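Single chain ahead, by itself, as C-alpha coordinates, in the form solved without the partner chain.
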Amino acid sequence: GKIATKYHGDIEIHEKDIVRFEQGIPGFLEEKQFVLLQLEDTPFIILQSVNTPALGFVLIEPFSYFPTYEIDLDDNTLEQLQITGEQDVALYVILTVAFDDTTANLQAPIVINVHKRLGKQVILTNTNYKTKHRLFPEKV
(Lines of atoms letter the chains of each structure in order from A and count residues from 1; the text may use other names and numbers.)
(Lines give C-alpha, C1' and ligand atoms only; values in the text may rest on other atoms or scores of the structure.)
Protein backbone atom coordinates (compact mmCIF):
# COMPACT_ATOMS: atom_id res chain seq x y z
CA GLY A 1 0.00 0.00 0.00
CA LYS A 2 0.78 3.74 -0.32
CA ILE A 3 0.61 5.99 2.77
CA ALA A 4 1.29 9.60 3.68
CA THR A 5 3.65 10.28 6.59
CA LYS A 6 4.67 12.93 9.09
CA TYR A 7 8.33 13.28 8.02
CA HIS A 8 8.82 11.14 4.90
CA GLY A 9 6.32 12.25 2.28
CA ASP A 10 4.34 9.59 0.47
CA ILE A 11 5.87 6.12 0.57
CA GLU A 12 5.06 2.57 -0.46
CA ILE A 13 4.85 0.03 2.34
CA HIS A 14 4.40 -3.73 2.36
CA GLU A 15 2.48 -5.90 4.81
CA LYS A 16 5.88 -7.37 5.77
CA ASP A 17 6.87 -3.94 7.14
CA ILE A 18 3.90 -3.46 9.49
CA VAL A 19 4.35 -3.91 13.24
CA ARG A 20 1.07 -4.72 14.96
CA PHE A 21 0.33 -3.11 18.39
CA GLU A 22 -2.54 -5.29 19.62
CA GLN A 23 -3.27 -2.88 22.51
CA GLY A 24 -2.48 0.21 20.47
CA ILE A 25 -0.29 2.70 22.35
CA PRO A 26 -1.52 4.54 25.50
CA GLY A 27 -3.48 7.63 24.36
CA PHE A 28 -3.93 5.99 20.94
CA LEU A 29 -5.68 2.72 21.79
CA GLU A 30 -7.11 2.40 18.24
CA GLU A 31 -3.72 2.74 16.48
CA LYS A 32 -2.74 -0.88 15.89
CA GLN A 33 -0.50 -0.66 12.78
CA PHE A 34 2.88 1.14 12.58
CA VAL A 35 5.97 1.13 10.37
CA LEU A 36 9.51 2.10 11.46
CA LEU A 37 11.10 4.77 9.23
CA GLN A 38 14.75 5.86 9.65
CA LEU A 39 15.28 9.57 8.94
CA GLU A 40 18.00 8.95 7.16
CA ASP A 41 21.65 9.49 8.19
CA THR A 42 20.35 10.49 11.64
CA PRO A 43 19.93 8.20 14.67
CA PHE A 44 16.20 8.89 14.81
CA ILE A 45 13.55 6.33 13.81
CA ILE A 46 9.91 7.38 13.29
CA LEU A 47 7.16 5.07 14.63
CA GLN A 48 4.74 6.07 11.84
CA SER A 49 1.05 5.16 11.93
CA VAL A 50 -0.10 3.36 8.74
CA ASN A 51 -3.62 4.82 9.17
CA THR A 52 -2.97 8.36 10.47
CA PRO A 53 -0.32 10.40 8.57
CA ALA A 54 0.11 12.99 11.36
CA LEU A 55 0.91 10.39 13.99
CA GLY A 56 4.61 9.67 14.10
CA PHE A 57 6.59 9.23 17.29
CA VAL A 58 10.27 10.10 17.39
CA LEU A 59 12.29 7.12 18.64
CA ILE A 60 15.93 6.50 19.52
CA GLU A 61 17.81 3.40 20.54
CA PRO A 62 18.36 4.29 24.21
CA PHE A 63 22.02 3.37 24.50
CA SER A 64 22.67 6.38 22.24
CA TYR A 65 22.16 8.62 25.28
CA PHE A 66 21.83 6.39 28.36
CA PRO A 67 24.66 3.83 28.28
CA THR A 68 23.72 2.36 31.68
CA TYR A 69 20.07 1.81 30.73
CA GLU A 70 18.92 -1.71 31.60
CA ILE A 71 15.54 -3.36 31.08
CA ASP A 72 14.04 -6.63 32.32
CA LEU A 73 10.86 -7.86 30.69
CA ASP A 74 8.46 -9.81 32.85
CA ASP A 75 6.75 -13.05 31.86
CA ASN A 76 3.35 -11.45 31.30
CA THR A 77 5.02 -9.02 28.85
CA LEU A 78 6.79 -11.86 27.04
CA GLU A 79 3.44 -13.70 26.80
CA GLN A 80 1.54 -10.61 25.59
CA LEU A 81 4.21 -10.10 22.89
CA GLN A 82 4.46 -13.88 22.32
CA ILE A 83 8.26 -13.74 22.80
CA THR A 84 9.62 -17.31 23.00
CA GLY A 85 12.93 -19.04 22.32
CA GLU A 86 15.22 -17.64 19.62
CA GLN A 87 12.92 -14.82 18.44
CA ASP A 88 14.49 -11.36 18.28
CA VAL A 89 13.38 -8.30 20.26
CA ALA A 90 13.99 -4.62 19.42
CA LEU A 91 14.07 -1.83 22.04
CA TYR A 92 13.42 1.93 21.64
CA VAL A 93 12.49 4.97 23.72
CA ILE A 94 10.18 7.82 22.71
CA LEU A 95 11.69 11.31 22.58
CA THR A 96 9.78 14.49 23.44
CA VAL A 97 11.60 17.12 21.35
CA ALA A 98 11.24 20.52 23.00
CA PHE A 99 17.38 20.27 20.55
CA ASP A 100 18.21 21.56 23.96
CA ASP A 101 15.37 20.60 26.38
CA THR A 102 14.41 17.20 25.01
CA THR A 103 13.52 14.27 27.24
CA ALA A 104 13.31 10.52 26.73
CA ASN A 105 10.68 8.27 28.34
CA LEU A 106 12.88 5.60 29.99
CA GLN A 107 10.06 4.25 32.20
CA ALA A 108 7.94 3.11 29.21
CA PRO A 109 10.06 1.87 26.28
CA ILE A 110 8.74 0.60 22.96
CA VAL A 111 9.35 -3.18 22.72
CA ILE A 112 8.86 -5.09 19.47
CA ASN A 113 8.83 -8.85 18.77
CA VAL A 114 10.33 -8.40 15.33
CA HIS A 115 9.54 -11.91 14.10
CA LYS A 116 5.91 -12.00 15.22
CA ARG A 117 5.83 -8.27 14.26
CA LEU A 118 4.14 -7.35 17.52
CA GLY A 119 4.83 -4.31 19.65
CA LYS A 120 3.86 -2.70 22.89
CA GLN A 121 4.77 0.27 25.03
CA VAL A 122 5.89 -1.63 28.15
CA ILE A 123 5.58 0.09 31.53
CA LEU A 124 8.59 -0.94 33.64
CA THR A 125 7.99 -1.66 37.29
CA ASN A 126 9.96 -1.09 40.49
CA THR A 127 12.62 1.03 38.73
CA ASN A 128 13.93 4.53 39.28
CA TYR A 129 13.20 5.34 35.64
CA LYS A 130 10.98 8.35 34.93
CA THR A 131 8.82 9.35 31.96
CA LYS A 132 11.12 12.39 31.32
CA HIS A 133 14.91 11.99 31.42
CA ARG A 134 16.84 14.91 30.00
CA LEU A 135 19.18 13.96 27.17
CA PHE A 136 21.58 16.66 28.27
CA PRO A 137 22.25 17.10 32.00
CA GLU A 138 21.31 20.65 32.94
CA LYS A 139 24.95 21.35 33.79
CA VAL A 140 26.15 21.69 30.12
Given for the second form:
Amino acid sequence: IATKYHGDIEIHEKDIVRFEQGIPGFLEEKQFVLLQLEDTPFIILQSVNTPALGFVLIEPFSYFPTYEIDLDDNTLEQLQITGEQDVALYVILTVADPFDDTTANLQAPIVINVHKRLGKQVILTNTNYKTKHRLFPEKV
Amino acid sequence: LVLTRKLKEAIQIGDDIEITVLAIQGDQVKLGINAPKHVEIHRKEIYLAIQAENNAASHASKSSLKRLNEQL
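Now that the form solved without the partner chain has been shown, please provide the structure of the form deposited with the partner chain bound.
Whole complex next, starting from this chain.
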Protein backbone atom coordinates (compact mmCIF):
# COMPACT_ATOMS: atom_id res chain seq x y z
CA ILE A 1 0.00 0.00 0.00
CA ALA A 2 1.31 3.50 -0.75
CA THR A 3 1.13 5.71 2.34
CA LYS A 4 0.93 9.40 3.16
CA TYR A 5 4.09 9.75 5.25
CA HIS A 6 5.87 6.43 5.15
CA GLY A 7 6.39 5.84 1.47
CA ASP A 8 5.47 2.43 0.15
CA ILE A 9 5.03 -0.27 2.72
CA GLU A 10 3.08 -3.41 2.84
CA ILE A 11 1.39 -4.97 5.69
CA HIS A 12 -0.19 -8.13 6.94
CA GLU A 13 -3.93 -8.27 7.51
CA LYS A 14 -3.66 -8.63 11.28
CA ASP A 15 -2.25 -5.09 11.23
CA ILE A 16 -5.48 -3.74 9.73
CA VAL A 17 -8.00 -2.10 11.99
CA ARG A 18 -11.54 -2.22 10.65
CA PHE A 19 -13.78 0.82 11.06
CA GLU A 20 -17.13 -0.58 10.14
CA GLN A 21 -18.63 2.80 10.24
CA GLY A 22 -15.55 4.49 8.90
CA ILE A 23 -15.53 7.89 10.57
CA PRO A 24 -17.73 10.92 10.12
CA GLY A 25 -16.71 12.60 6.93
CA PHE A 26 -15.07 9.50 5.51
CA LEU A 27 -17.74 6.85 5.97
CA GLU A 28 -16.43 4.48 3.31
CA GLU A 29 -12.89 4.51 4.68
CA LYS A 30 -13.18 1.23 6.53
CA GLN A 31 -9.59 0.04 6.70
CA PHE A 32 -6.66 1.67 8.50
CA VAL A 33 -3.25 0.83 9.87
CA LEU A 34 -1.51 2.65 12.72
CA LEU A 35 2.02 3.86 11.97
CA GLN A 36 4.34 5.76 14.31
CA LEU A 37 6.14 8.65 12.74
CA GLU A 38 9.70 8.50 14.12
CA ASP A 39 10.93 10.24 16.15
CA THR A 40 7.64 11.80 17.18
CA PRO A 41 4.75 11.14 19.50
CA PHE A 42 2.50 11.05 16.42
CA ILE A 43 0.54 7.96 15.45
CA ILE A 44 -0.64 8.02 11.85
CA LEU A 45 -4.04 6.50 11.29
CA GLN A 46 -3.34 5.54 7.70
CA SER A 47 -5.86 4.40 5.10
CA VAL A 48 -5.19 1.02 3.61
CA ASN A 49 -7.32 2.06 0.60
CA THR A 50 -6.44 5.73 0.24
CA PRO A 51 -2.66 6.46 0.16
CA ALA A 52 -3.28 10.20 0.58
CA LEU A 53 -5.50 9.79 3.69
CA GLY A 54 -3.68 9.77 7.03
CA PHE A 55 -4.84 11.32 10.31
CA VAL A 56 -2.44 12.47 13.02
CA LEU A 57 -3.11 10.87 16.40
CA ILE A 58 -1.62 11.34 19.81
CA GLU A 59 -2.19 9.47 23.06
CA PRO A 60 -4.37 11.96 24.94
CA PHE A 61 -2.75 11.34 28.20
CA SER A 62 0.65 12.86 27.63
CA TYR A 63 -0.88 16.24 26.90
CA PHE A 64 -4.12 16.07 28.88
CA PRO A 65 -3.40 14.15 32.07
CA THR A 66 -6.93 14.80 33.31
CA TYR A 67 -8.50 13.24 30.20
CA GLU A 68 -10.82 10.53 31.34
CA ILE A 69 -13.54 8.94 29.37
CA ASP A 70 -16.57 6.71 29.79
CA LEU A 71 -17.55 4.28 27.04
CA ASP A 72 -21.29 4.00 26.48
CA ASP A 73 -22.18 0.33 26.50
CA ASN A 74 -23.19 0.80 22.89
CA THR A 75 -19.58 1.65 21.99
CA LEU A 76 -18.47 -1.03 24.46
CA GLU A 77 -19.88 -3.63 22.13
CA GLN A 78 -19.75 -2.44 18.56
CA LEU A 79 -16.07 -2.65 19.38
CA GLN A 80 -16.98 -5.88 21.22
CA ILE A 81 -14.64 -5.32 24.17
CA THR A 82 -14.42 -7.80 27.05
CA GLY A 83 -12.59 -5.51 29.47
CA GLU A 84 -9.62 -3.17 29.79
CA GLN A 85 -6.79 -5.28 28.53
CA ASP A 86 -8.18 -4.36 25.29
CA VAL A 87 -8.25 -1.24 24.56
CA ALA A 88 -6.26 1.60 22.89
CA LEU A 89 -7.24 5.26 23.04
CA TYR A 90 -6.20 8.19 20.80
CA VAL A 91 -7.17 11.75 19.83
CA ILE A 92 -7.17 13.35 16.36
CA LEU A 93 -4.89 16.35 16.00
CA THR A 94 -5.81 19.35 13.88
CA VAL A 95 -2.37 20.72 13.03
CA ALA A 96 -3.01 24.41 12.48
CA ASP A 97 -1.42 27.46 10.86
CA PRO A 98 0.51 28.39 12.82
CA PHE A 99 1.66 25.30 14.72
CA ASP A 100 0.84 26.63 18.19
CA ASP A 101 -2.89 26.68 17.54
CA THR A 102 -2.76 22.89 17.11
CA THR A 103 -5.80 21.29 18.72
CA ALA A 104 -6.92 17.84 19.75
CA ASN A 105 -10.46 16.55 19.34
CA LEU A 106 -11.18 15.35 22.88
CA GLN A 107 -14.96 15.01 22.29
CA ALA A 108 -14.43 12.37 19.64
CA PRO A 109 -11.45 10.18 20.37
CA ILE A 110 -10.48 7.21 18.23
CA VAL A 111 -10.96 3.97 20.17
CA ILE A 112 -9.45 0.68 19.12
CA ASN A 113 -9.18 -2.79 20.60
CA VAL A 114 -5.70 -3.96 19.71
CA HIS A 115 -6.61 -7.63 19.90
CA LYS A 116 -9.71 -7.90 17.66
CA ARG A 117 -8.57 -5.14 15.34
CA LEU A 118 -11.81 -3.14 15.63
CA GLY A 119 -11.93 0.64 15.42
CA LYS A 120 -14.33 3.49 16.00
CA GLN A 121 -14.49 7.26 16.48
CA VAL A 122 -16.45 7.60 19.66
CA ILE A 123 -18.56 10.69 19.97
CA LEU A 124 -18.48 11.30 23.71
CA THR A 125 -22.00 12.18 24.86
CA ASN A 126 -22.91 14.01 28.08
CA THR A 127 -19.51 15.70 28.49
CA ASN A 128 -17.85 19.12 28.55
CA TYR A 129 -15.11 18.07 26.13
CA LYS A 130 -14.63 20.22 23.03
CA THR A 131 -13.86 19.35 19.47
CA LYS A 132 -10.81 21.65 19.62
CA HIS A 133 -8.55 21.62 22.69
CA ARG A 134 -5.27 23.54 22.21
CA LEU A 135 -1.97 21.72 22.78
CA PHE A 136 -0.25 25.01 23.68
CA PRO A 137 -1.21 27.92 25.91
CA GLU A 138 -1.97 30.98 23.74
CA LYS A 139 0.84 33.50 24.22
CA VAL A 140 -0.16 37.19 24.04
CA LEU B 1 -40.51 12.63 3.15
CA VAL B 2 -42.55 15.02 5.29
CA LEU B 3 -45.08 13.73 7.87
CA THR B 4 -47.34 15.09 10.61
CA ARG B 5 -47.43 13.44 14.01
CA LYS B 6 -49.70 14.22 16.91
CA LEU B 7 -48.40 13.60 20.33
CA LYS B 8 -47.80 9.92 20.84
CA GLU B 9 -47.80 9.19 17.20
CA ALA B 10 -44.69 7.33 16.07
CA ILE B 11 -42.80 6.84 12.81
CA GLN B 12 -41.34 3.58 11.52
CA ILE B 13 -37.98 3.63 9.67
CA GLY B 14 -36.68 0.37 8.22
CA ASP B 15 -36.85 -2.82 10.32
CA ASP B 16 -36.54 -0.77 12.52
CA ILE B 17 -35.83 2.64 13.78
CA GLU B 18 -38.89 4.11 15.46
CA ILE B 19 -39.35 7.80 16.19
CA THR B 20 -41.82 8.45 19.00
CA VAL B 21 -43.08 11.98 19.53
CA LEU B 22 -43.04 12.04 23.34
CA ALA B 23 -43.94 15.68 24.11
CA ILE B 24 -44.73 19.06 22.52
CA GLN B 25 -43.27 21.93 24.58
CA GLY B 26 -43.93 24.04 22.28
CA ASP B 27 -40.81 25.85 21.12
CA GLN B 28 -39.48 22.33 21.19
CA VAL B 29 -40.42 18.66 20.76
CA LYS B 30 -39.25 15.84 23.00
CA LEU B 31 -38.53 13.08 20.51
CA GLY B 32 -37.79 9.48 21.39
CA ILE B 33 -35.70 7.34 19.07
CA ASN B 34 -35.54 3.59 19.31
CA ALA B 35 -32.91 1.87 17.21
CA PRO B 36 -30.56 -1.14 17.43
CA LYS B 37 -27.28 -0.15 18.99
CA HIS B 38 -25.18 -0.88 15.94
CA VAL B 39 -26.72 2.46 14.94
CA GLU B 40 -25.98 5.71 16.73
CA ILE B 41 -28.13 8.73 17.05
CA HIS B 42 -26.87 12.27 17.50
CA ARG B 43 -28.02 15.83 17.39
CA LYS B 44 -27.24 17.02 13.87
CA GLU B 45 -25.19 20.05 14.97
CA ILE B 46 -22.90 17.81 17.02
CA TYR B 47 -22.39 15.32 14.21
CA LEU B 48 -21.67 18.03 11.63
CA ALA B 49 -19.06 19.68 13.89
CA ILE B 50 -17.17 16.42 14.27
CA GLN B 51 -17.36 15.83 10.54
CA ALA B 52 -15.92 19.31 10.05
CA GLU B 53 -12.99 18.76 12.41
CA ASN B 54 -12.26 15.33 10.91
CA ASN B 55 -11.97 16.98 7.50
CA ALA B 56 -9.92 19.84 8.94
CA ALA B 57 -7.59 17.24 10.46
CA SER B 58 -6.92 15.41 7.18
CA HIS B 59 -4.45 17.96 5.72
CA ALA B 60 -1.32 17.72 7.85
CA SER B 61 1.79 18.09 5.73
CA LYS B 62 4.95 16.19 6.53
CA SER B 63 6.75 19.53 7.00
CA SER B 64 4.15 20.62 9.53
CA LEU B 65 4.60 17.59 11.73
CA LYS B 66 8.39 17.91 11.72
CA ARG B 67 8.07 21.52 12.90
CA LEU B 68 5.36 20.54 15.40
CA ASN B 69 7.46 17.72 16.86
CA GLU B 70 10.42 20.06 17.35
CA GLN B 71 8.40 22.64 19.25
CA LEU B 72 6.78 19.89 21.36
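Shifts are known only where both forms have a C-alpha. Numbering follows the first chain given and starts at 1. Heads up, when I say rigid core I mean the largest set of C-alphas that superpose within 1.5 Å between the two forms.
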Given a cut-off of 2 Å on Cα movement between the two forms, rigid core as reference, pick the single residue from 87, 77, 38, 51 that exceeds or meets it. 87
Superposing on the core, what C-alpha displacement does residue 12 show between the two forms, in angstrom? 1.4
Can you list the runs of 3 or more residues whose CA atoms move by 2 Å or more between the two forms, with the rigid core superposed? 85 to 87
